[PDB]
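Number of protein chains: 6
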Amino acid sequence: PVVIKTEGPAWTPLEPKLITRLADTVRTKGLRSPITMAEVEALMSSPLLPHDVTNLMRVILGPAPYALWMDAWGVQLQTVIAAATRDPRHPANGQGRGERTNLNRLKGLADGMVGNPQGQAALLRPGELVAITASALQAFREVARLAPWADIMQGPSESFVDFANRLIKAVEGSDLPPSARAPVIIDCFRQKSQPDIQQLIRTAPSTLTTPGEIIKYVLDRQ
Amino acid sequence: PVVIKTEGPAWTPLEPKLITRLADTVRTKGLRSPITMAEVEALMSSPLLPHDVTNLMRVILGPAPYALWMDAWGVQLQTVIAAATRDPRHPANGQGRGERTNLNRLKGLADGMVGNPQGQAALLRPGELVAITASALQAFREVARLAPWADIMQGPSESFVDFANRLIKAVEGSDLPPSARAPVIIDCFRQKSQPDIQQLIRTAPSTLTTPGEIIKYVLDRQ
Amino acid sequence: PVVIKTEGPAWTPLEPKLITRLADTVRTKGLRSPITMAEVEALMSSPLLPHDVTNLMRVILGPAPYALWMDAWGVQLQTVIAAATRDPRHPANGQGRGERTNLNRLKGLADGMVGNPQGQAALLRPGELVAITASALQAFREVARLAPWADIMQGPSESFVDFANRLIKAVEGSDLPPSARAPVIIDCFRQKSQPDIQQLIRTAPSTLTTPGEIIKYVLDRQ
Amino acid sequence: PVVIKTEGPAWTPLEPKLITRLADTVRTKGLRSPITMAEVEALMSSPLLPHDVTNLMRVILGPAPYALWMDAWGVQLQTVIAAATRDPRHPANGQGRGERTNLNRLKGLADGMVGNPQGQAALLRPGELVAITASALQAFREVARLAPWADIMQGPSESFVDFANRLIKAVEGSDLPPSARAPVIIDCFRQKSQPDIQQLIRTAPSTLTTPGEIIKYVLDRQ
Amino acid sequence: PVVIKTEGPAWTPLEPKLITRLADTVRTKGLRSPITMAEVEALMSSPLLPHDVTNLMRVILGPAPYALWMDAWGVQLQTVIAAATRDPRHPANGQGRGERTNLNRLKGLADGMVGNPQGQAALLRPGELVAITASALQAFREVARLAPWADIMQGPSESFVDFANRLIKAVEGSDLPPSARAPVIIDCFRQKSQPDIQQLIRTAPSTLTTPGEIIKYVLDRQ
Amino acid sequence: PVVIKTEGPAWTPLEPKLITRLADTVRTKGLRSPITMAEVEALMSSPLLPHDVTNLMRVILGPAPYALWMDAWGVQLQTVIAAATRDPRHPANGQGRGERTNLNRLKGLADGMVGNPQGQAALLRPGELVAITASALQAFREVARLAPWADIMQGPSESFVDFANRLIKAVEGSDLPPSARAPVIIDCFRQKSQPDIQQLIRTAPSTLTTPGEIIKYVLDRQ
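Protein chains in written order, with the entry's author numbering: chain A, 1 to 147, 152 to 226; chain B, 1 to 147, 152 to 226; chain C, 1 to 147, 152 to 226; chain D, 1 to 147, 152 to 226; chain E, 1 to 147, 152 to 226; chain F, 1 to 147, 152 to 226.
I should point out that these hints are in silico values taken from the structure, not numbers from a laboratory.
Treat the hints with care, as some may be off.
Repeated chains share a single entry, so a pair holds when one copy, or any two copies, can fit it.
Stated by the list, open to error - Under the rule of at most 30 Å between Cα atoms (straight-line distance), these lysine-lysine pairs were calculated in the DSS-like manner:
hint, residue 1, residue 2
1, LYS17, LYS107
2, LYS220, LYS196
3, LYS173, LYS220
4, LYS196, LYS173
5, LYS220, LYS107
6, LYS107, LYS173
7, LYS5, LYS196
8, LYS29, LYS173
9, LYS17, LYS29
10, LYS17, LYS5
11, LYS107, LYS196
Please model the entire structure based on the sequences and the hints provided.
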């Protein structure tokens, strides 16, 4: 992370203990655990430098997952670059004519950044760290994604709430665009729930358009 | 949370460890545990940004409970908006003519806030964070509520204090308006306690109008 | 708690972890445990706001004990009000003519304090927080008191020191005014201890007037 | 403890957790444990106010031990008062004519100190806190002392080092004036050690006058 | 580590607890554990002085491993010296004519540095600490390396991902120059994987040139 | 330890918890454990006052070991005094004519230092604390030393690395002057290792003069 000191931007390493701690969480709970995800997001709540993210991931992830994270990160950074190239006002760009970002800077490979977190802190702009961090985080999620919702049905002894949570987690972790998730989830609620639930949802008000709204409606009738 | 730095308002993430810790508390103790409630309230003792609350809840709550929290939060925020719309002096509103709050700001979706906790800290007013935080907390309580007081009776081997606590917890977690809770609780004490207790309470002074007052009176006579 | 910042008095929440921790202590050790008492006193060593004390107690205490604490606190606050009303120079009062304290302020219910720890910090005076805190603490002790010294006698296989500690704890936790405790304890030492101890104490110097003095005298003769 | 803030001396409570922690140490390890002693000394390394010491001891000690501590503390404070009365330049005294210390101040009972750690911090001088703290600590040691060295002999299967440590601990915890301890310990080494050790020590250089010097000499010959 | 204070650069020791903690990690998990490596890297994220690194390594490593670390460090420092000697603009050199670094300074043996972390902090330049730290870290990796990839083949019941991670770890820990690792790893994927995987990789696009790219391609087809 | 505050040098006690922690380490792991040594060195990384060192050692060491530490410390301090007496420019001496150090100051017994860590902090010079600390540390090592390398031979089922580490630890903990350790260790490698190792070392390059160099050479041939 970076903190503004008297002379200027300075590098401050992530606490070694939290890194080790997360490494354990990843190992004990798995990449797809809400605990892990929450902890990783927490550690990445403060803008990180390339040096921070690569060493963080290298440590908490296995050799293979780290290799996957690196490819995912590269792709994510490239999408940032494509956007920053198309829009001069992109926050990753500097205000000045010669301040557009590039892939070398985002990876901390540009002149004066190579293997130097202090130089990265001194040269990268706040907007670049935001992109670097969000990119690294998304890359982590992709790795966790790659670490079927359409076959999920409410079991005869399974409660609605358990089926709803199971189904929602599968859809949110799927390849669907986010905008398709709510309609897809509600369709599965209407079609794949047990007979009594299917009748509750059938006659629900037509204004209930989110999964949470439908869940409340059903739970209120149990 | 937000801290006022030299240049102005800045975002400071909630400690990752406390978030993970609460996630465990929720998982091990349950949503309706006084331990959980106490810990959540503690973590939400400092005004939070939309970014803080959504990521906090997404992490400590399961997919389903989080979907419920989101719907509850939306409702709570809307009640804030309704109040801020009716009263220009509402603390969530800015002093200036074009400073009334709106749902987009409270959700951190307004221009310059989207997915940016730093921008949220720079743009949201203290009063808006208070509303955002209180709203998020109430939404959490609602989720815990949805995670019967009228059938509770003092068992033949059950102590009064245990029946009183059991009954009070059921009434406080019920759908009654808060103003009805004390009269309802005292009525149940008078009618549903064991015969000896019913006689103690029968002749209690008419000035004892709270559950705590009646409990003391009974305990003093044991 | 309150800390004086640049702009003025500001609210700082009690650490969520210590609150949870105390909740555990109360649950595992009990209200009448010296461990609990010590920990509660420690947490209440810094002046607290109404918001701090009510949420602290609501969390660490069960529904019933909390209802009892609330009644006890009300009584304690009223005694403060009675004193502040009788003596204009009472520390809970402000120096100015219109600065006497009242029950609404002490409960954080006065204009601008309702459900707002920041406003409470900005409006309550240091002396009011002292009273609020001492009152809350005393209320806690009362609850622990209500959660017999006259029948305590030294058992035939019980050591004097154990009987002395047992007896002293019972007398200190009793309804006696504090000024009666030392004479009552020493009387019990003289009358209810085993025959050999009764003879040691019989001929003790007449200048030994505290329980600790008599204990030392006896222990010195063992 | 006291910290000098902008407006002046201010009270800062001892960390509740360390107090609870020590209470456990006292309970689990005992008063005469080097662990306890070390921890207590550590907690009392920073000058404490009357409020700090009494509440610290009340919490970590049982009712009886606390009553003993209070008597011991009173005696210790009186010795400080006797010294400060005889020597105007005593550090517990203020530089000014009307600044001699007295027992009421040291106990935090003087005008403006009663039950008020903030007032104690504002009124007590640094030298008074030093005396209050050293006195409280000595009182703790006395309590631990009261919680035989002359019969200790080296057992036939006991090593010299173990006998030496056993003996030294008994002599240091005894009623001997500190100046008598070294000669007494060395006499016991010469007379009460096993035959082979008695011969080693017999012909030791006459310049070895401390227990540590004699121990080294013996260990060097094993 | 070094922190810039008012008077200038000052030495601040690494937290004793993290050092002890890492010592345990090394002992319990081993030198070649990603946990250890991550923790060591974390502790060495802040520029260290010779005093910091030697005492850190002496403590966390056994006598033999420490002797190996010392030889490795010497070699690493010499490579730094060779580079700083060939390039006057090397960051380890001072801007002034008489400010080139030398082995004595890097080892903290130069005039005023010997056994004095405060003097080292006052005399060594930021660039020298960077070199000292990176050198110490590389020396640690070498020790871990010395604490076969060509025989690794995917087992008949072994998953591709497990074989890929196993193989990648062996190649990264090998004597190959880093530039040879990716081609060597991909060759092993093509030749030493199970028959079905060999067919997947055979017809992969010719643009997939990293191990991570090939892994993704295969995983996408499982 | 000492920290420079506004008014000047001030005493800050070592954290009670780390002291207790080390006491446990000493008790559980022993004085000759690399864990203990590392932890003690860590705690003594910041210049300590006489008050700090004596109370630190008194707490973490048993009565006997502490008595030994005190004698060792006295000897170490005297060597410092001998050096500071012979060289006026010795860092333990003040720049002024009447600023040479003496044993009373180093032990914190000089006027104004007796039993007063605050006075010690105000009167002792930085160089004196360095000497006091290094002396205390060396005294600790001596105690650990006194808490045979010539008979060590590589066992028939013992690996070279294990024999090398065993031997090196024995030689480093011996009475040899440090300058004799490397030649003595290498001689033992050549003469007391198993036959195959003896042949590896026999024909080693004549430039390999440290134990680490020879170890690497052997390990490279295994």
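Going down the list of hints, with the structure as the test:
1. Taking the shortest Cα distances, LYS17 and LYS107 sit within 30 Å of each other both inside one copy (25 Å) and across copies (28 Å).
2. Taking CA atoms no more than 30 Å apart as the test, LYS220 paired with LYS196 passes inside one copy only; the shortest distance there is 18 Å, against 33 Å between copies.
3. Taking the shortest alpha-carbon separations for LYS173 and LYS220, both the intra-copy value of 17 Å and the inter-copy value of 23 Å come in at or below 30 Å.
4. For the identical chains of this complex, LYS196 and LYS173 are intra-copy neighbours only, at 16 Å inside a copy versus 37 Å across copies, given an alpha-carbon limit of 30 Å.
5. With identical chains, the CA atoms of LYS220 and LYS107 are at most 30 Å apart between copies only, with a shortest distance of 21 Å across copies and 45 Å within one.
6. Taking identical chains as interchangeable, the C-alpha atoms of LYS107 and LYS173 lie at most 30 Å apart only when they sit on different chains, with a minimum of 23 Å there against 32 Å within one chain.
7. In this assembly of identical chains, the alpha carbons of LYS5 and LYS196 never lie at most 30 Å apart, being 58 Å within a copy and 53 Å across copies at closest.
8. Taking identical chains as interchangeable, the C-alpha atoms of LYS29 and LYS173 lie at most 30 Å apart whether they share a chain (17 Å) or sit on different chains (22 Å).
9. Taking the closest pair of Cα atoms, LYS17 and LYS29 come within 30 Å of each other both inside a single copy (18 Å) and across two copies (15 Å).
10. Proximity of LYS17 and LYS5 under a CA criterion of 30 Å is satisfied in both settings, with 24 Å inside one chain copy and 26 Å between copies.
11. In this assembly of identical chains, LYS107 and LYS196 lie within 30 Å of each other by CA distance neither inside one copy nor across copies; the values are 46 Å within and 33 Å between.
Against the hints set out earlier in the document, violations occur for numbers 7 and 11.
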